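> Here is what each chain is made of, one letter per residue.
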Amino acid sequence: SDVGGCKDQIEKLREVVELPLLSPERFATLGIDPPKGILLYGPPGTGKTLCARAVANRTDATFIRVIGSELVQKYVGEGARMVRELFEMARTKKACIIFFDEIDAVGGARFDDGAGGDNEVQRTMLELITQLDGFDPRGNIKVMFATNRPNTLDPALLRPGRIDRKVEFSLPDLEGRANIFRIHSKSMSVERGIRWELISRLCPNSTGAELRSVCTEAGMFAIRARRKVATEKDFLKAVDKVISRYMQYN
Amino acid sequence: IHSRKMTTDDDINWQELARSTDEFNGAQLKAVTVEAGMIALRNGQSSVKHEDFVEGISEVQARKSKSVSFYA
Amino acid sequence: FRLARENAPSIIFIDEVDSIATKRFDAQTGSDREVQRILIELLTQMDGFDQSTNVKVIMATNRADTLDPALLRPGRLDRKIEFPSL
Amino acid sequence: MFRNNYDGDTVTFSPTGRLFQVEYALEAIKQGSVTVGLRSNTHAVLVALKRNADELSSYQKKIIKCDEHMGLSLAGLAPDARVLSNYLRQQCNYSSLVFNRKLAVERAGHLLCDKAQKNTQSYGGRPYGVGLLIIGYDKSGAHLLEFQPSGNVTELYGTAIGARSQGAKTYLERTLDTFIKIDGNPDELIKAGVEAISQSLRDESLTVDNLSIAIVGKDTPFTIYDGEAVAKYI
Amino acid sequence: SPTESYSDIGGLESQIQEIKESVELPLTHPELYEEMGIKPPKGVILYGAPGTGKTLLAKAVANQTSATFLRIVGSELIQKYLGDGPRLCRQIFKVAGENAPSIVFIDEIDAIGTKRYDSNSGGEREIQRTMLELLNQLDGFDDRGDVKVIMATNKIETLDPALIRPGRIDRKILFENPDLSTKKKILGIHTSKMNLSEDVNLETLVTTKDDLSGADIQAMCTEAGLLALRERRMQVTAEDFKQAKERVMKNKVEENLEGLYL
Amino acid sequence: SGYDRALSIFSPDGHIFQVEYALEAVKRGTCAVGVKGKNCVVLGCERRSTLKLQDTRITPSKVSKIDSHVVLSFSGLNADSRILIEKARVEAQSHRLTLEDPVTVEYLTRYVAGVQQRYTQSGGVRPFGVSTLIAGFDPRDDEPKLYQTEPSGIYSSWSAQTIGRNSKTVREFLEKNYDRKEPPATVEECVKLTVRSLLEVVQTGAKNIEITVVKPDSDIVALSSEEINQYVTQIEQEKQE
Amino acid sequence: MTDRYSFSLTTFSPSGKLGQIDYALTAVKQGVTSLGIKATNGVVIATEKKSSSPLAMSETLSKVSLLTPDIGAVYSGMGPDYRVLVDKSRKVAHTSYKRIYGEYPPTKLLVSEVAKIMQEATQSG
Amino acid sequence: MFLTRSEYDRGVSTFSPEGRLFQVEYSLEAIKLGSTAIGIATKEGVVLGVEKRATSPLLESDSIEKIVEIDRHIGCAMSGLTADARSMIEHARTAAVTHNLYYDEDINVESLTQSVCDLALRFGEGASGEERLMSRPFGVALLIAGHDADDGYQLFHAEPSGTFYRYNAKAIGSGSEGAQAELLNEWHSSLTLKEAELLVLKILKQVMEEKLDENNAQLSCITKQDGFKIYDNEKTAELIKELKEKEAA
Amino acid sequence: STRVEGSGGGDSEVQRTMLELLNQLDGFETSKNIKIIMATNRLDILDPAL
Ligand SMILES: Nc1ncnc2c1ncn2[C@@H]1O[C@H](COP(=O)(O)OP(=O)(O)OP(=O)(O)O)[C@@H](O)[C@H]1O
Ligand SMILES: Nc1ncnc2c1ncn2[C@@H]1O[C@H](COP(=O)(O)OP(=O)(O)OP(=O)(O)O)[C@@H](O)[C@H]1O
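Taken in order, these protein sequences are the chains called A, B, C, D, E, F, G, H and I. According to the numbering used here, the first sequence holds residues 5 to 254 in order. According to the numbering used here, the second sequence holds residues 43 to 114 in order. According to the numbering used here, the third sequence holds residues 1104 to 1189 in order. According to the numbering used here, the fourth sequence holds residues 69 to 302 in order. According to the numbering used here, the fifth sequence holds residues 653 to 914 in order. According to the numbering used here, the sixth sequence holds residues 161 to 401 in order. According to the numbering used here, the seventh sequence holds residues -13 to 111 in order. According to the numbering used here, the eighth sequence holds residues 10 to 258 in order. According to the numbering used here, the ninth sequence holds residues 38 to 87 in order.
Pulled out of the complex, with its shape left as it was, chain A reads as follows:
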């Protein structure tokens, strides 16, 4: 309810995660083995990590925050050791799920170079993909990813079995754009009578964050003049400061 009104994409998300852990009596009896892996991709400022810190709140089971910095140690065949132990403890536990982030570091593509200085990190990820799909050490553990470069990463990590589902957090639309303001605006002192259907119309294709900065900086320009309550213009005077005339369109 704090997310910025990307109302559909969550529904593809949670349907992976929690319903096969709360209401398996639907998926199983009808005859479907649910998926066990998602991927998230969208441009930045869009709330890929937001919806993922959320679901930990509504987990009803554990969660993991894998720090990608600990998988690239400077001793060979070590980081991979950390991968497999990451799962030996998981399936020990019941119904674990996992949140990677910025796997473009680790799940990069492959190549052959007699310098190949990324040689080692390739040997780590193979501790992963062999572990996700082969001879079923897996029970009920799910996976979660995140990116801003979904083209470069190797096909093997975006094959079904591994990733039975993926989601495009595209940009918002005007209607959904508004419900972002209604979240970030509640804590504020503002007059009753502004009309958001300008502010949305007047903020073209843009992201969750670049709105949150706008709701803010309408407030800051008050403080630059030592008023005590905002207006309708100061929002507009923020937009021209954030986004930042033309005659050949009028």
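Treat the hints with care, as some may be off.
Derived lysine to any residue pairs resembling SDA-like cross-links, with alpha carbons at most 20 Å apart [unchecked claim]:
(1) F:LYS352 x F:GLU342
(2) F:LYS328 x E:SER657
(3) D:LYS237 x B:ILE81
(4) A:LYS237 x H:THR64
(5) I:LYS69 x E:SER657
(6) G:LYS49 x G:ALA101
(7) A:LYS11 x B:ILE81
(8) G:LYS102 x G:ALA79
(9) E:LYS732 x A:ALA119
Just so you know, these hints were derived from the structure itself, not from any lab.
On the provided structure of chain A, position chains B, C, D, E, F, G, H and I with the ligands as indicated by the hints.
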């Protein structure tokens, strides 16, 4: 094969779906299934249909958009 | 040179230097720029402060109409030499 | 799940022979609406379905006349149907001037298998991202067809185009014994198409505005039925 | 603590202010950010053409902060070994957290965070992992705390893809080569100590744009200081100035090498 | 990016770019200005004289005249300036031939524009890095008129305009000093409004100015450098302050 | 390494130089030796015939060729770009000059009518 | 496959594997810029209405003509790329006049709308086998408000893609999405002329940045009896204060 | 003059630290007695920054 452990209407032409896919991997062809067996449930029904398989396929390649502009 | 001084008196022969030595009007490239970083150190070692018993450079080639005259600054090289062809 | 070249012009082949921009054209139909056709020994017909933008907005033409023994029903990219109609409106008029004859429908599709192939060879141009049907009653009996951008045409007893269709063709794969004997009784043939198309919907309920019909026959010209003159069949 | 401060510079009014209210009030006057009741900004950037006083404006605010401070370059935090940076960047965003409040200052960050490509190589990627672990620290799963970054750069559009957005840096400052009226206040403080009492009439010394920053000022006050001295005269006249100004401006590339656009 | 090369193709926003990139080339060129009252229209242009060998009797004068009752200025680059005029005045002169009534000015500017909106249609042709200002009355009418063209192929009517370098200073200077509902009403006043519109950006030179005015009865005139120094210097008295 | 101002002709590089001409002048320097020097009462024009195989009659094709009775030639470099040239050079005596002056031309006005037959093919890709 | 829009974007004649070609869909995005427009139809009178985007206080704003005459019984608007308009309408009128020769009658309104839409289609083959005249499909999205005897008062939406619609109450341009829902719920089939001019001078208020006056707007209204006329300033200011005298009570 | 591509950066990162040392916080605060001389054969190629 993968549909054996499911319900399914007798309506469908499995060969047409083969014709509606080009350069797929068998793993995807499985995930085409569950995304149909799943989307049936989102629509709020129990058995499986033909078109429910279809919008699984468009759910794979991330078409993910009606894109209803100015055609027809 | 760190050793050609050490085992001095010493000299050098280079059976080909026209490869890495040829005039160029500019570099629109990253690789070929390092070829200048090669040369400019070679040209630097002789001319900068050093010993005197080395007579190191004996540049071999197949032609001489290609080198940089900044390599031919007197002090660097001053004895052109020619051999028969046929 | 990676880039491919060879998929940038109709000039070039795959490394196997699949021309691509034709394989991408005739996917376009799958995000245009539905329309179906039927044959008998004495009558042809076709049913359509409309789509709009907002409830204020008017609906979109889906059948267009070409000559009083022919017609067509498009499903796809309309600007590349406005053309082809205005290509065979000419040919069907050419003949009547020079030969005073009725045109053979099966030498109209043959004139559309050509024009959709010229664009397909050479640089410039597109494959006409459309798919359209044909109808009529010339001397050789009733007829129907089913055009594709590739060039390939076929004649047959009644088919469907567009998204959410195969629920229909499974119907028309059943009753082929029936709706061809139906002769001298239009008003029940037409009640098959309207029945067929309802198999292939997603909670639309088939309003009067949404629908449009064409028909021909023994002596009946190409006449279409849209609006308040259509509620008979609901 | 570096001795420079506000009033060591006076060339400008706004660029000083537009970040000061991010960084110097909340340590003093935060009621104005809770009454209006918002979530303040934490992190900016300050770019522009050189010679204009970017690195300066850090050593001023770091004089009058009352909180700690960190002085860095982006090149410092890449090391040869595979996986020594990405944990290093996790250190300083730890030590600052526990030692709150706090301020960070990266300079010439286009060192490491400029742009990404696929990079079929093995060194370019360890530059990326740092770029990717940094942008995890600044905003990710877990929150950072009260850590106010200040980044600097000379060329944005040739760099900086996603490190420059809100969530991480909530504004973007523009420095440019001055106008007329700023310069009236620049040299006046550089020259509040020299005698120069005779005949100068500064007010038409620097007339047009002239394509000179505040840092071409410091040189001219210098060379024209000793150019007097070599004549064994201390207090100064205009000849000593223009004899300098002609020297500096001489070096300028022919910006109007075109002259094609009459 | 990729969308910022040609003319045929659009952004995923709607912007067409190259046209926007020409107007950046305007601003690498000397100023210009145009003012109108009621009995007069004027024009100004800051030139240069930065070279001594160059003979000065044929000084580079932005101004050009299309007919008796019309003048012109420009900006941008001058290799193209000679073209538009050489097609413009042709067209005015192939009008009275064909019609024996000279140009309604709105007919002219729709042909200087028209030659720009054909050179932004097809690849294989370049736009004009140029932006004009028209000034002239119709035959048998008093209403003073002024437009500007622009390589996008558009044009609008303007009571006062300034284009070329540092125009973003001169406009707001003219937003105060003017008032649409009480124009200057004398041929001196538009000039004084016009000269001190140049003095913000012109290093208080006076050899670096050209003014050329226009009136009815097919009237035009260029002014004298010594007729400016007294229109210049008398202002300086008025900022003795 | 390449130069990206050499695969085409109408492109200038920052040294104000064009691409393919510089390499054509190398296509000849790789070719056989030919010459001609001068005297007080005549001019000489020479070259050789590096006959490829022994079985090729080296007489059915002439490096040297007549343009007018008073004018002759020889190349050095590529061949087919010679006999395609002269066949449209000697004509131009018989087309541009002769028929409107009666007589065969001088030696330099012939050259001007060769060198633009040479320059028509270096102005368009 | 993710590189479906990244590469198949720029050439007009490239089908993307989703069936669609993009460089037309971007043309649609152009007219989302520019200044808004509205058209409302009635049994009694058609009406339009626009803002103007006051850019500077010294321009003479009778010049930028977002609304035009095109014939005595037709009138247009446009919320798009400007220069590509005057190549449109100097064709669109030319048919109506030409039609008055070959057939001696006030042309219908839709046929005009079909002649336009058979012009923007010249990045390709037109109807009658024509070949090409451009490569830049242009954003001038029109509203053709007209009258003809067969069917009365009409309007249309003519788009570059060719396909058009007989909307009854439309609003295009930047302030569309906030409006075209607002006009969705306040269009009877039994309105008046002046029960619409006030309406279109209420939506236009709330949707536009500045406040509303006479200067930053105008409008028009054809009629089978009088014709296309663009109303006057003091006439419009009559309606603006009339509105306020209705709001407070 | 700060070209923008792949492996000509590895020296740029060796260039940019030095600009700090000459006018860093500390450098401007410390580089008081330390001093510098540099040479060349050209200055049409360098940055405008040094
Ligand atoms: N839909 C949204 N509603 C509200 N806030 C949002 C939304 N999307 C993004 N934000 C803001 O952006 C921040 C997170 O954005 P996001 O999750 O897109 O980062 P990210 O994409 O993980 O960053 P990176 O791409 O560098 O990994 C949050 O702190 C939040 O303030
Ligand atoms: N208004 C001003 N008052 C006094 N000095 C100024 C002013 N503006 C600029 N300067 C001068 O500019 C110099 C600082 O240049 P600056 O710090 O902008 O370089 P920089 O680009 O920050 O270097 P780096 O990129 O390595 O950080 C100082 O020597 C200072 O004297």
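> Take the hints in turn and mark each one as holding or not.
Each hint, compared with the structure:
no., hint, result
1, F:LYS352 x F:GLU342, "holds (16 Å)"
2, F:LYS328 x E:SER657, "violated (34 Å)"
3, D:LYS237 x B:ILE81, "violated (23 Å)"
4, A:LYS237 x H:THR64, "holds (18 Å)"
5, I:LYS69 x E:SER657, "holds (18 Å)"
6, G:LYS49 x G:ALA101, "holds (19 Å)"
7, A:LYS11 x B:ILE81, "holds (17 Å)"
8, G:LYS102 x G:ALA79, "holds (14 Å)"
9, E:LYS732 x A:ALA119, "holds (15 Å)"
When the structure is compared with the earlier hints, violations turn up for hints 2, 3 and for no others.
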